[PDB]
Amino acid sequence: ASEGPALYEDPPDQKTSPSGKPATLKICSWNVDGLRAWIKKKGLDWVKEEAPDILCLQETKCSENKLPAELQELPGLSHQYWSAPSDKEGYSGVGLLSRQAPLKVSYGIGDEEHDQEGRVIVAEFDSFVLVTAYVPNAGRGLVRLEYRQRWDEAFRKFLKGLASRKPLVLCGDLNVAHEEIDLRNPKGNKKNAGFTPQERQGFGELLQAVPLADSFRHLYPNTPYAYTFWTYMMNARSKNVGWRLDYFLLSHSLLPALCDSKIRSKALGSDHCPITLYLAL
C-alpha cells in the first residue's frame, strides 16, 4: 500500500573480467515455479535467447521420470540432471542442464535428513564445482524456521567441504534477502519467511565460513531496488516491490574471474526472474 514503483535497470553485460579476459562461461539460474507452468509461460523462449552454457532451475516440481518433452528443444544443453523429492510428488525439485557433461553429478548434501526434498545438485567440472540449490522456505507463520536453521548449518558445512577441494559456485533460490537493501520493504517483513534475523544470520555465516562472496553485491555494493522475486499478488512486480532471493555465491579465489552478475528483470515465466553469471575461467 505504501510503495509505488521503484526503478531498476540492470546495467549492460560486462563480458570481460577486470584483467581483460573474455567470459568463457555463462550460467543462468531461475526458480521457474513449476517446469510445466513455466514452459506454458514461454520460459524456454528466454533460455534460447540467453543461450547459457549451464542452466540451473529451481522448483521444477517434476521428477527425472516425468519431465515435459519440451525440454528436448534445448539442443545446446543436452546434458540434463534432475533432483526431485524422494516421495515422488510434485513440489520442490531442481535441475541442471549443461552444454558439456560434468566430471561428476551428485544429489543432496550427504545428509539423509536434508536429502529427501530434491533441493540440491552438485556438478563438478575441471576447474570448479557448481552447486544449485532450492533452500527450504521458513513457511507461513515460520512453522519451518526451526528446520530451516538445521538446513542452514548442514548446508554450510557441506559447502565448506566442497570448497576445500575445488573453487565453488553456488547458485539458486536461497530463500533469504540478506540485507535491507535486498528487499523493498524490510521493516514489515522482519517476521516473515525470507527476512527473519535467523535466516539473514545464516546467510552471513555462509559467506564467512566457506567463504563465499555475493557476486552481485560485490560488483554493485550500493545499488538498491534490484530484486529477483515479486509475489504474484498485489501488482507487486509492476511496482517493483520485490526481494532478492536468488544468488550466485563465489569462492573468493574466483573473484578475479568474475565478469558480471546479472538480474534479468523483464524475463517473464515465473514469480522469480532469471539471474546470469559471466565467468572468465
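Residue numbers count along the first chain shown, from 1. So that the term is clear: the rigid core is the largest set of C-alpha atoms that superpose within 1.5 Å between two forms. What changes on going to the form deposited in another entry:
- The one residue among 205, 115, 124, 180 whose Cα position changes by 2 Å or more between the two forms, with the core held fixed by superposition, is 115.
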Contents of the next structure:
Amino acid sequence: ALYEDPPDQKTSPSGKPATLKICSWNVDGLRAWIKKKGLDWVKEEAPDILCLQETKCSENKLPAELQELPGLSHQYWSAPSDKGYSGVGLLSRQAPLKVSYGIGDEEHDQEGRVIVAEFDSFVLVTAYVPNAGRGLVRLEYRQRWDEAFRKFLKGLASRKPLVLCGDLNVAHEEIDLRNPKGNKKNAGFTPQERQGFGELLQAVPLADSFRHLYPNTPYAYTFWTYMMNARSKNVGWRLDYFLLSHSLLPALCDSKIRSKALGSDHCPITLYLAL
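Here we have the form deposited in one PDB entry; I need the corresponding form deposited in another entry.
Nothing else is written out below except the one chain.
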C-alpha cells in the first residue's frame, strides 16, 4: 500500500547529465504552506524552476519571504479576478524570454490558473486545472475548460517543445489512485475527465513523464485527502504531472514524486531534463 519513490536518475538514456530541474507543487494555500516550512523544503530541493498551484493569495499579500529565494528570483503570479480560491505561480533562476497568463478567454473570466513561460529551448506551462467539484457541480465547467486548454496548448507547442506541469485534477488510469472503483463518479476520476486527459495526450501530443519511466509502478500518488489518515495509509491520487513533448523524451532523466515533503495535501513533483 505504501510507496517509496525510486532514487533520482540524473543522467539521460543517451548519457547526458541533467541540466534543468523543475519542481511543481500544489501548496493549497501559499501562506500556510510558507508557515509549514515549504520554502525550507524548496531551498533544499534547489530547483531551477518552481511552479505552484492553488496559492489562494492575492498578488499584494504575497509574503516577502518569497523574495528570500535569490536562487529563484524571477517570480510571476496569476491570481483570479473574482475569488483566495485558486491562483498559481512560477519562479525561475533565469528570466523566461516571455511570460503570459491564461488561455485566451479572459473576457468575463480570468481564473488565475495558467502561466506560460517561454525559455530558450522549450515552453513551460503550469496549470491548476478546475476541480469538477463535490457531486460534479462544476463538471460541466471542467469539460469546457479541458476543450479550451487542449486548443490553446495546440497553438502553443507547434513552435517549441513543451513541458506542462501542475495539478491537472485527474487520475488518468486506475493505476493512478487507490480507490478506482469507489471513485468512478467522483471529481478526478469521472469518465469525462479521464477522457479529456487522454485527449490531451493525443492531441498536442504529450507523454506522461512519470508513467513513461514507470509504466508498471502502482501506489504512486501526489495527493491525499486531509481526512482520515489517507496520507499515512497511502490512500492517494496522482493528480500532479509533468507532461512532455515527444521531442523531449531523450532529455528525460527522471520524474520524481517527493512523497515525504509536507506542507500541503499534495506533495511536490520534480523533473530532471538534460537540455
